[PDB]
Amino acid sequence: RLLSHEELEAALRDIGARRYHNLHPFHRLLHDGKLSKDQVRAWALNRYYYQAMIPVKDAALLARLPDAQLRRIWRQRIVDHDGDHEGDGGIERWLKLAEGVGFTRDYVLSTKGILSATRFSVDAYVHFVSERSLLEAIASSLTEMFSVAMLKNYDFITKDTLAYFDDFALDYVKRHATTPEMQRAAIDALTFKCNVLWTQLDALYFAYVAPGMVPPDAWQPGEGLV
Amino acid sequence: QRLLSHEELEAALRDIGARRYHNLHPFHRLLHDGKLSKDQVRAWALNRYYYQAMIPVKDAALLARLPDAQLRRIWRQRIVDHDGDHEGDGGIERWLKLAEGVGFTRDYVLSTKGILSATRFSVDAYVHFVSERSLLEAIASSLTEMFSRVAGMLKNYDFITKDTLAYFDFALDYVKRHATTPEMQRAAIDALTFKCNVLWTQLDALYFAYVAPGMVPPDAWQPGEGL
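Protein chains in written order, with the entry's author numbering: chain C, 15 to 161, 169 to 170, 172 to 188, 199 to 258; chain A, 14 to 161, 168 to 187, 199 to 257.
Note that these hints are calculated values from the structure, not bench results. Among these hints, one or two may not hold up.
[Unchecked claim] In silico contact screen, one side only, chain A against chain C (beta carbon under 8 Å); selected entries: (1) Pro39; (2) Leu123; (3) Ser135; (4) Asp137; (5) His141; (6) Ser144; (7) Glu158; (8) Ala185; (9) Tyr186; (10) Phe200; (11) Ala201; (12) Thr231; (13) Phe238; (14) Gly244; (15) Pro247; (16) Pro248.
[To be verified] If you want the ones that stay clear, here's a sample from chain A, every Cβ over 10 Å from chain C, calculated: (17) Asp46; (18) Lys51; (19) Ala77; (20) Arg91; (21) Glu106; (22) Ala131; (23) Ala138; (24) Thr157; (25) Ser161; (26) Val169; (27) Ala170; (28) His208; (29) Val228; (30) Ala239; (31) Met245.
All residues carry an ideal CB built from backbone N, CA and C; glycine is no exception.
Modelling step: build the complete structure from the supplied sequences, incorporating the hints.
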């Protein structure tokens with residue numbers, strides 16, 4: 015059955031209802047101030063890498079777009095993440111958060127203590143947008159309809183860290209998901225995105241919460257800190 | 014951080030498995046010591062299938078990047094061994110038969126629909142690594158072969180039938207010859223290490239999901255499905 019524009023939207027939002035990472039138990043702990051300092055440390059370290067790789071995902075999408083009108087819209091994501099100079103952009107907050115909990119700038123930029131799961135989840139996402147259909151690659155951005170950075175609950179985070187946290201894709205998917213199969217592909221792309229986010233959190237819980245088996249390349253408490 | 018001799022480089026690569034190879038993993042230790050349930054072994058068999066079904070994909074992507082016929086001639090045998098010569102010959106079939114052996118349907122296993130996303134992503138990052146990094150790193154990511168059994172592990176488990184049980199160097203030299211600066215040596219050691227991280231991570235996910243705390247992610251296989 016082809017879904018109308020309203021029904022497709024409703025189906026899409028449902029995937030977030032059921033699968034978006036706010037429902038993950040690591041996220042719940044974070045949000046309720048139930049995490050230890052080392053747990054928050056591991057999350058920040060890992061989320062920094064995710065966020066730093068978003069512009070690389072958007073560039074791989076950008077290089078696949080068929081024309082200039084679509085490049086004009088998509089590139090704005092890259093401009094926003096990177097900004098205009100070092101310290102601008104808003105990748106910057108994620109760096110300042112990591113520095114907020116004691117890591118050296120170099121250790122955070124090196125990516126050296128991130129979980130391999132987070133590296134592989136980003137690899138998947140980057141590849142997904144470069145290899146799948148363009149309808150799919152755009153659909154994977156839809157976690158953006160489930161739009169906050172919890173920190174104020176943790177007394178080891180200083181107000182200076184606090185300081186850095188001071199409808200295109202959906203219209204595209206609606207106009208272009210023209211058969212039932214393309215509607216299924218779009219839904220699945222958002223499910224894949226949800227999986228990319230859920231797998232990072234799984235790894236974080238596993239490594240640093242329970243059973244707490246830190247993988248050997250991954251950050252252990254005390255490393256890369258001031 | 015200096016250049017290593019061909020000997021010191023072999024020693025260093027070896028020292029990577031001794032510290033990072035997946036037989037040290039708690040899930041593997043449980044599997045090996047006969048501690049797992051039937052469900053745990055199912056989840057393992059189901060996920061592992063994907064890793065084994067993607068080896069010849071990885072070897073093909075590697076084969077496409079070899080610079081000449083002679084190197085393709087040598088690497089091609091790997092694809093032969095995994096894919097075989099006829100409809101249930103190759104390496105892959107044992108994993109399909111182990112899966113069917115613990116009760117899965119052929120279709121469901123082949124579907125991959127029940128594997129952990131962490132399995133998919135880790136195995137897929139491996140294929141991409143071999144396609145995208147230097148040739149030297151691609152070849153170095155096969156050196157877990159230096160530490161390579169499942170046959171004997173499976174024997175600790177009553178429910179694995181005698182039927183199921185029956186179904187169960200160039201790269202090092204290449205690395206030694208072509209890793210002629212310290213950066214290349216490091217790239218080679220980090221490739222190995224990357225291949226140990228692919229394996230280690232699939233096991234982390236299986237542990238989390240099916241042993242403890244036992245939180246199965248959203249579409250992953252659950253007791254009773256695909257059986």
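Quick rundown of the hints versus the structure:
1. Interface restraint check: A/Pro39 against chain C, minimum CB-CB distance 6 Å, threshold 8 Å, status holds.
2. A hinted interface residue such as A/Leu123 counts as satisfied when its beta carbon comes closer than 8 Å to some beta carbon of chain C; here the least separation is about 18 Å, so the hint is violated.
3. Restraint check, A/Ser135 versus chain C: the minimum CB separation of about 5 Å is within 8 Å; hint holds.
4. For the restraint placing A/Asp137 at the interface with chain C, the shortest Cβ-Cβ distance is roughly 6 Å, inside the 8 Å limit, so the hint holds.
5. The closest approach between the C-beta of A/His141 and any C-beta of chain C is roughly 6 Å, which is under the 8 Å cut-off, so the hint is satisfied.
6. Checking A/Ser144 against chain C by beta carbon gives a least distance of about 10 Å; that is not within 8 Å, so the hint is violated.
7. For A/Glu158, the shortest C-beta to C-beta distance to chain C is roughly 20 Å, which exceeds 8 Å, and the interface hint is violated.
8. At about 34 Å, the closest approach between the beta carbon of A/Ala185 and any beta carbon in chain C exceeds 8 Å, and the interface hint on this residue is violated.
9. Taking 8 Å as the C-beta cut-off, the interface hint given for A/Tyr186 is violated, the closest approach to chain C being about 29 Å.
10. With a least beta-carbon distance of about 27 Å to chain C, the hint placing A/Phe200 at the interface is violated under the 8 Å criterion.
11. Violation of the interface hint for A/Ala201 is found here, the shortest Cβ-Cβ separation to chain C being roughly 22 Å, above the 8 Å cut-off.
12. The restraint placing A/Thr231 at the interface with chain C holds, with a minimum CB-CB distance near 5 Å, inside the 8 Å limit.
13. For A/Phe238, the suggested interface contact is upheld, since its CB lies about 4 Å from the closest CB of chain C, less than 8 Å.
14. Look at A/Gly244: its Cβ only gets to about 10 Å from chain C, farther than 8 Å, so that hint breaks.
15. With a cut of 8 Å, the hint placing A/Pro247 at the interface with chain C holds, because the nearest CB-to-CB distance is about 6 Å.
16. The beta carbon of A/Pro248 is positioned within 8 Å of a beta carbon in chain C (closest approach about 6 Å), and the interface hint is therefore held.
17. Every beta carbon of chain C lies more than 10 Å from that of A/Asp46, the smallest distance being close to 17 Å; the non-interface claim holds.
18. Even its closest Cβ contact with chain C, about 21 Å, leaves A/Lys51 beyond 10 Å, as expected for a residue assigned away from the interface.
19. Listed as a non-interface residue, A/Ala77 keeps its Cβ farther than 10 Å from every Cβ of chain C; the least gap is roughly 16 Å.
20. A/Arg91, annotated as away from the interface, keeps every beta carbon of chain C farther than 10 Å; the closest lies near 23 Å.
21. The beta carbon of A/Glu106 is kept farther than 10 Å from every beta carbon of chain C, the shortest such distance being approximately 27 Å.
22. Its closest Cβ contact with chain C, about 5 Å, brings A/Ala131 to no more than 10 Å, contrary to its assignment away from the interface.
23. At the 10 Å boundary, the C-beta of A/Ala138 falls inside the reach of chain C, the nearest C-beta of that chain being 4 Å off.
24. A/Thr157, annotated as away from the interface, keeps every beta carbon of chain C farther than 10 Å; the closest lies near 14 Å.
25. Non-interface call for A/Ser161 relative to chain C: holds, since the shortest CB-CB distance, roughly 20 Å, exceeds 10 Å.
26. Listed as outside the interface, A/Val169 is consistent with that label: its C-beta sits roughly 22 Å from the nearest C-beta of chain C, beyond the 10 Å cut-off.
27. Listed as outside the interface, A/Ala170 is consistent with that label: its C-beta sits roughly 27 Å from the nearest C-beta of chain C, beyond the 10 Å cut-off.
28. The claim that A/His208 lies off the interface holds: its Cβ sits roughly 25 Å from the closest Cβ of chain C, which is beyond the 10 Å cut-off.
29. The Cβ of A/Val228 sits about 8 Å from the closest Cβ of chain C, inside the 10 Å cut-off, so the non-interface label is violated.
30. For A/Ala239, the shortest C-beta to C-beta distance to chain C comes to about 8 Å, within the 10 Å cut-off, and the non-interface label is violated.
31. A cut-off of 10 Å between C-beta atoms contradicts the statement that A/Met245 is not in contact with chain C; the least separation is 7 Å.
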